[PDB]
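Just the one chain here, laid out as structure tokens, in the form deposited in one PDB entry.
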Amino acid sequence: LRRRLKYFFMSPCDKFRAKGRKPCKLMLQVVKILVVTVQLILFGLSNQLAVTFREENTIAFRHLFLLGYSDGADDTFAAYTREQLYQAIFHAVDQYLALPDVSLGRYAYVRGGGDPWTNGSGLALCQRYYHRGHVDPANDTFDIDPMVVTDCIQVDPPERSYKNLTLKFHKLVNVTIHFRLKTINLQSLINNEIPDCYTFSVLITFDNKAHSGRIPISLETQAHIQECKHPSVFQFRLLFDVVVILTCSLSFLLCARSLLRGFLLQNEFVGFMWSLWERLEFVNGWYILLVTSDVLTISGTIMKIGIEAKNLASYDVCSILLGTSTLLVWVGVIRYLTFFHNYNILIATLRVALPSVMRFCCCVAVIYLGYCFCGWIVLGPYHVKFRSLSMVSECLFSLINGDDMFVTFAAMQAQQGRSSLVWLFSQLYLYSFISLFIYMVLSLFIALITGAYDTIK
């Protein structure tokens, strides 16, 4: 029995020289790395095509429909006078009507199809305001019914009015322009793929929710991919996907067999004992990782086949699945380096250090979260790097690693002459956080890790 357990925990070379076992799993792992990486790159080709089409069309729409737009001005593009706003709205509508004559792309109009478009209408120009608004700052008084009323003007695409629009400025909530355009992604021909039919839903927003005299203007698009009706293009990916599936399936079967054998050996040993952690010694975590990677790879390959068959269009989900599977396949090869001490430093140190590291992180995390919330709420209105909770976490994590420090300090230097108390608070906040986390938290973290390494040295 003892020899059986000794063989169970033996390296591939030792196992071979003991029982002449062929190391099929190692060669399978190498082949998997190669084929999975190649498949990921091949998929990335089509993913890039789709993304490029969407973003390039969006940029073209911004240049076509936004009056006076230039690249890099997205977050400051705004109107400041009634005349500017009217001109921008009319420019957008006029460009929509003139698209077939001026645009470099080939677009088709879409009519009807539910709200906000009536039947036969291509463009909806809607203004939303308050049901009752009387604003008299001269008398410091107002009378408001905040229920929002929407008034929409319908414009039919030209056959191959909106100029009377009167905006209720003092109670205006916003103005929106909605329309849809159909186009074809011809560039797919370069990848020997049949072009898809795209529908872009375009929304242009003139936002007055702040009632501050400045109305920002933005353009957004939603892309819907569809198979074209009986297209025609004059005159091995499926087989490669099948090969990937076969390799992953064989690897999954072998790993499952190994896991079952380990479970049976664990049962036999426990029986021969006439605990839990001692039972986990028989569970190969690397093989759990391998089977998870195989499942992810097979699911991603099926999704990729479906997308190429035009049954699906979830490019992002497929990309995430395949990329995660590729990373896991690359990582899984360390299972065989684990057998040799000189090549196993990282894994051994991680194993020894994880408990204390997690316990330390438990205590550090509450301080981190307190700082996150405090900065988010107090400094967010004044600091571009504290606008949202996730952004605050990113900024603080970067500061812990010594990145982007002076710019973080400098962003607040504008408030020194206007909101001095907030500036002083920001000084204390930033100095205390940086000192505490760089000099105390990180030092102890590295000390724990290096002491764990010293243990297994």
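For clarity, a rigid core is taken as the largest C-alpha set superposing within 1.5 Å between two forms. Positions refer to the first chain, counted from 1. Compared with the form deposited in another entry:
- In the core-aligned comparison between these two forms, the C-alpha of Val357 is the only one from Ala256, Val357, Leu264, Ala73 that shifts by 2 Å or more.
- After superposition on the rigid core, the Cα of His91 moves by less than 2 Å between these two forms.
- Taking 2 Å as the criterion, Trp330 does not count as shifted between these two forms: its C-alpha moves by less than this amount when the rigid core is aligned.
- Superposition of the core reveals a Cα shift of less than 2 Å for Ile204 between these two forms.
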The other form holds:
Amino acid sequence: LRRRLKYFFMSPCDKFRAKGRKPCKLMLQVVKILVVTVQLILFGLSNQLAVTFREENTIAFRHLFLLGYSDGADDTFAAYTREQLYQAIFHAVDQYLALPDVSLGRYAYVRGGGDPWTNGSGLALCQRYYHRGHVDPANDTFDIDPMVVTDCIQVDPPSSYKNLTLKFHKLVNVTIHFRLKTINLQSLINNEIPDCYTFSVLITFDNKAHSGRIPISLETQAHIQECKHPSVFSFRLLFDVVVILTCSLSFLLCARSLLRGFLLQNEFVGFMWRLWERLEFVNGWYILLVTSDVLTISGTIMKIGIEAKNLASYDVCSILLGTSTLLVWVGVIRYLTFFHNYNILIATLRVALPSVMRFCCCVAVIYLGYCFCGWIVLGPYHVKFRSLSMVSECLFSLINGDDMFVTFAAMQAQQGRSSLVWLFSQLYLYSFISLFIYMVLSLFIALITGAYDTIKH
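Given the form deposited in one PDB entry above, I would also like to look at the protein as it appears in the form deposited in another entry.
Only a single chain is listed, so you will not see partners or other molecules.
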């Protein structure tokens, strides 16, 4: 049993010297790294083109349908008078009706086919208000039924919509919905058959705040299909099958290795009888390899489905493939651990990790207290403290010396208004930055240095 146990923990070189078995798994892992990286690169190259197409079409739509729109004004684009709102709505509808004659792109009208479009209708102009909405600020009185009533005009592609009358005092919002069909000719370069896009365009005039300011936004959804009857005067699926086969073989070999480890662990436990030490028979690198294989196979199946237009879950597929690629690239450290000089550094990090995590536990409570305090106190006055996630991002960036002066200057811009709040912000920011830069990061450095010193002895 001793010999088998010793050989089980032997390094690949020692195993080859002893039994001479060819290291199939190492070569398979190298090939897997290569093919997985190539597949990810190809997928990203293909997807960025579609992303660019959709983004450019959306920018063109914003310039076409939004009155007085200019680049970089998405956040602040709003209406402030009834005349402005009416003009914007009518401009959007008129530009929809004039699209064939003015647009640089080639778009087709989509009629009916569901809701909110009635049969034969291309554009739906809906206004949503309250069922009952009596409001009298002069007498501090109101009577509202929060139930929302929707009223839509239907415009067929080529003017009753010009008779629109908005109930401003009880208006919840206004929306314009339509769809445009186009063909992605940009696919010709990069050697792909053009596909058919349907853009669902929604223009929203939002009055949910009732603050006298109605923001205006335009959004698009892209539905991609294979064009019927294509006409233009295989190395994508074979590569996917190759990747799947490589991952399956790697999974089988790693599962065999893990089973062998489990059986040897059981034998050793039985021998000793006649948990931390049990899991010594577990090869975490092979767990990582199995996880990467599963993720890659799932992502490859999803990618095959997507590229045939049968699926539209690009986010999940991209996440799976990227995570698997990261895992396979991280797995290369196993090979470096077999050399003493590199193993020194890897073991330094490994022995540092536990105390680092314990110190993270110690620091998290202070960090969270600061987050809550900053959100509650500075949230009203600071744009960077409006949400707890935003507060955490701001504090994390401050800890690393980024955007410090702008954070100070935002509060400086309102020193005269509230002196108490300004003094509190001064104390809060100074104390947090000093504590976390001059004491916490220093202790991280000290922990790493101590781990390195221990490893070198």
